[PDB]
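Novice: If you want the building blocks of each chain, they are given just below.
There are 2 protein chains.
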Amino acid sequence: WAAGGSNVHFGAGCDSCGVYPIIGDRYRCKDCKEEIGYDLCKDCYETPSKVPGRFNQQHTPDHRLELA
Amino acid sequence: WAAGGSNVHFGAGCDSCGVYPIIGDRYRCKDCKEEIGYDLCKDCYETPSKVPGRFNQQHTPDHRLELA
Ligand SMILES: [Zn+2]
Ligand SMILES: [Zn+2]
Ligand SMILES: [Zn+2]
Ligand SMILES: [Zn+2]
Numbered sequence: 298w299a300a301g302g303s304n305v306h307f308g309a310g311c312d313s314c315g316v317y318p319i320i321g322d323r324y325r326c327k328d329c330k331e332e333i334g335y336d337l338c339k340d341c342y343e344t345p346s347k348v349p350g351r352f353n354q355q356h357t358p359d360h361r362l363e364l365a
Numbered sequence: 298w299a300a301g302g303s304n305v306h307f308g309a310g311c312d313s314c315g316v317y318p319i320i321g322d323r324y325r326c327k328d329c330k331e332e333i334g335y336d337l338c339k340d341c342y343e344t345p346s347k348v349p350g351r352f353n354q355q356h357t358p359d360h361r362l363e364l365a
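Residue numbers (PDB author numbering), protein chains in the order written: chain A, 298 to 365; chain B, 298 to 365.
Honestly, the hints are just simulated from the structure, not real lab data. Wrong hints could be hidden among the right ones.
[Unchecked claim] In silico DSSO-like pairs for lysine-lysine, Cα to Cα no more than 30 Å straight-line:
hint: 1; chain 1: A; residue 1: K330; chain 2: B; residue 2: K339
hint: 2; chain 1: A; residue 1: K339; chain 2: B; residue 2: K327
hint: 3; chain 1: A; residue 1: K327; chain 2: A; residue 2: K347
hint: 4; chain 1: A; residue 1: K339; chain 2: B; residue 2: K347
hint: 5; chain 1: B; residue 1: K347; chain 2: A; residue 2: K330
hint: 6; chain 1: A; residue 1: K347; chain 2: B; residue 2: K330
hint: 7; chain 1: A; residue 1: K327; chain 2: B; residue 2: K347
hint: 8; chain 1: B; residue 1: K330; chain 2: A; residue 2: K330
hint: 9; chain 1: A; residue 1: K347; chain 2: A; residue 2: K330
hint: 10; chain 1: B; residue 1: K330; chain 2: B; residue 2: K347
hint: 11; chain 1: B; residue 1: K327; chain 2: B; residue 2: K347
hint: 12; chain 1: B; residue 1: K327; chain 2: B; residue 2: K339
hint: 13; chain 1: A; residue 1: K327; chain 2: B; residue 2: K330
hint: 14; chain 1: A; residue 1: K327; chain 2: A; residue 2: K339
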């Protein structure tokens, strides 16, 4: 069972703004293969933003992001 | 950034024993609704034993389960 439901993602936090839990939609990078994952909320997804990661990930603007 | 993410899944709980977070391996149903998730811990997946949540109108014995 998903924790928090479908509008609260207690299993990840935004790498750009640090929000936790991710409220709303969640976007997850499929290119960053580091174990920690790379995730962002919608606001940070929609905003042009250079955050390479919060846990020493290597996320480049060419990386692809999908929603869960 | 995913919390846990290795033997700790803060985005899911077992539908069989209600444990949360699922510590250890996590099995997720691929046939149940993408929205309404169905998850199990290792113990509940491997054990052949009735629990009151072992199958429902939504999650049915033909459903397939994958590892995370
Ligand atoms: Zn990335
Ligand atoms: Zn954000
Ligand atoms: Zn199912
Ligand atoms: Zn269980």
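Novice: Could you work out which of the previously given hints the structure breaks and list their numbers from low to high?
Specialist: 4, 5, 6 and 7
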